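Here we start with a single chain on its own, the form deposited in one PDB entry, put down as structure tokens.
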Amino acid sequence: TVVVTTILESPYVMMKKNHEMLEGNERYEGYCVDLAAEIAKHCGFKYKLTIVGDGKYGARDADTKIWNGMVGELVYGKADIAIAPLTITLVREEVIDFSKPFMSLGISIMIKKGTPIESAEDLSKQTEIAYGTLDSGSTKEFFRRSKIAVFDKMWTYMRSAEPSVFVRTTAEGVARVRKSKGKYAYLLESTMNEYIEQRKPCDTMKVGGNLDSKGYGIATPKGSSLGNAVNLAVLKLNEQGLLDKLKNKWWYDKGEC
């Protein structure tokens, strides 16, 4: 039985309402729950879903150099594969292998409906509406390291805006957009931004083109006997139209807006 690490992040993995009456994999539902079943079928393995102990994706402490999250669970042997919306990045790929992406995404803008902002350039050319990102992570780093004039102007503003425009969690970023009466715009992954829009009170919108391009991938340890098959399975499901189908199902068929 393959041990699958994953993360409770909607709509990827969520507890079914009647989870206490159930056990094992049946306790969960979501895009990644459906994906794990397809990947297992196509690779021929039995598996057990487990939620990542510390509830994190995967980052390496700059001082201690220890890996936390799902990446940590793979490099320290606690799980055999990670099936979740784990972004394919250079630092992670140095230590684990990623399948080809199963979903595309990029940095985007979340506004409270009615905010007169349509792009990153709009935001950079004004100060009435504050804007920020998660206070740690790649989105913040994107701006910090960018050489593009608009993005550098945005970084300059954000780094010294008061009150602080950075938030501790994704949920706080969403709540701040919702409760700031149009005076705060949040930068985050387009997939989450698209998902919010679609969730009641239906008061947020995704605007502008993505500012970068990335992808989520299934992760396995270096030398894993699972890597090759998992990678072919993702390509097959994309070509059969199944990945698009799952995305449409969890974002729109189950949408409320």
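Positions refer to the first chain, counted from 1. Note that the rigid core is defined as the largest set of C-alphas that superpose within 1.5 Å between two forms. First, how it differs from the form deposited in another entry.
- Comparing the forms between the two forms on their rigid core, the Cα displacement of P163 reaches 2 Å or more.
- After superposing the rigid core, the Cα of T89 is displaced by less than 2 Å between the two forms.
- After superposition on the rigid core, the Cα atom of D122 is displaced by 2 Å or more between the two forms.
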Given for the second form:
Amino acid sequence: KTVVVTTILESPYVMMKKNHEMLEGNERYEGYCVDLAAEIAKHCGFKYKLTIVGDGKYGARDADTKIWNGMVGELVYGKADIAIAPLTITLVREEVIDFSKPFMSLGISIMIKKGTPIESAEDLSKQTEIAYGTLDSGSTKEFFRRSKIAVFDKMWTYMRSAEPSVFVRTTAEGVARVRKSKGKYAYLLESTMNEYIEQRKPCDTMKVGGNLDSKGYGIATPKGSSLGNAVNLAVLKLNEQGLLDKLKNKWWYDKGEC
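Could you switch over to the form deposited in another entry, since the one displayed so far is the form deposited in one PDB entry?
One chain, no partners, no other molecules: that is all that follows.
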């Protein structure tokens, strides 16, 4: 039976094709996670259907209602068989869904407009002129909200109370804010998305400093789903055959313009 795959529109993992209107089904989409879903499906031996997640979120649990939103939600509540996306493996998510071993490494990083007087996280903590935020419902926001560590715990104190809000709805919103703010706003986001943007015109942003942490993206399935086993084996095989490295180069760098 056809596997229903939940994913998210995030460049350059899944993107609308130039002529998306004149194509049907899986043919409408392109990018890193679209190529990877075909590979996974082929080595696992299953047919599938790409679906963009209705609310455009990665997944968080609403503290009052306790309902999970985003892709995690689609898995938790039985709307999807699998998620193939830049979804971060975390402890609170591993408690309700299953993840395959990481297919991509990454860490929280800092994006600035070129020329901003900022070199690190500790530089961001002890200053007020330059504002900074993160994406609204993901692992990046929760890392800061959950952190005991100094610089980060103080950064959270700041962001949660900042006005107007320093959080954004989408990555594009974060980046557009960076570009328009003449260096008066820095954006905290995963190193992978920071690196992609740095290679796109107008070439006016850049990643500074080392990463604040170190984690991975995994293919997620409903807790105890049988599919888990085959897809984990598939990711390891495809890393070992060099597939994942080829794909990153194709979509990040063989694409450069800066």
